[PDB]
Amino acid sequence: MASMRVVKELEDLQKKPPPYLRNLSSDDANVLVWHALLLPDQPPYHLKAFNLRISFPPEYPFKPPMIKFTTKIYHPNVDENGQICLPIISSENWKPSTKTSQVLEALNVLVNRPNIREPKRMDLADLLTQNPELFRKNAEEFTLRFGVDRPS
């Protein structure tokens, strides 16, 4: 069953979480949804932290989970609602044998090094190509206005 494997992965991950994950908790009423705090390790994103939410479909691992940021961000690679078109969770590249730890590592290296894979919003790509500094200002303002402080 998907629920048992999700629980086992969550327990194994919490027994030794990566440094970029804090207060990773799940609701015992619905264990197929998680809340976690991501710590980017590359400036200027490393200034604050983001709470990300990942939802597991009932047919896990035969269907990639969806990851949505609770806090709004201004990124070309992140959807407006918070969804991420991650290469690993793509249906054309998804593999049930993979583990959520690998997905978390991929997301961490993606947020520590933003990459222009697909312009989810064309205006975002146009503004990033024409004036990256305004995009940097918008991203830092979004982090400062919606993000949470970095704990220890």
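Residue numbers count along the first chain shown, from 1. The term rigid core refers to the most C-alpha atoms you can superpose between the two forms while keeping them within 1.5 Å. First, how it differs from the form deposited in another entry.
- For the listed set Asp123, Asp28, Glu59, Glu92, the sole C-alpha moving 2 Å or more between the two forms on a rigid core superposition is that of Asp123.
- Annotation: Cα of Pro17 displaced by less than 2 Å between the two forms, core superposition.
Having seen the form deposited in one PDB entry, the form deposited in another entry:
What follows is just the one chain, with no partners and no other molecules.
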């Protein structure tokens, strides 16, 4: 069963939480969903925090976990609903060996360095390539209007 491995991974991760992740916890009713706060360390995203939900499919680890950004984040790789296209999560590259810590690290890297090659929103990539400054303005406005209270 996937739940045993998920609980083991969460228990191991709580001991030494990643620096960009805090208050990572799961409800005892359903231990296959994780709630965590993402703390990017690169402007303009460093003004606030981001809350995301990690959902493990019943046949984990043979199927990749599902990651969705619960909060509203302005990003070329993140759709409005919040789904993200990580290279590791994609079934063409997913392997059962990779635990969730590598997935979270890749997510943080993607947030810091966007995958401009294949965005889920083409217009955002076009704006970023043609005029990075306007993208900076709009991203700062969005992360100020929707950014969750960032802790220390």
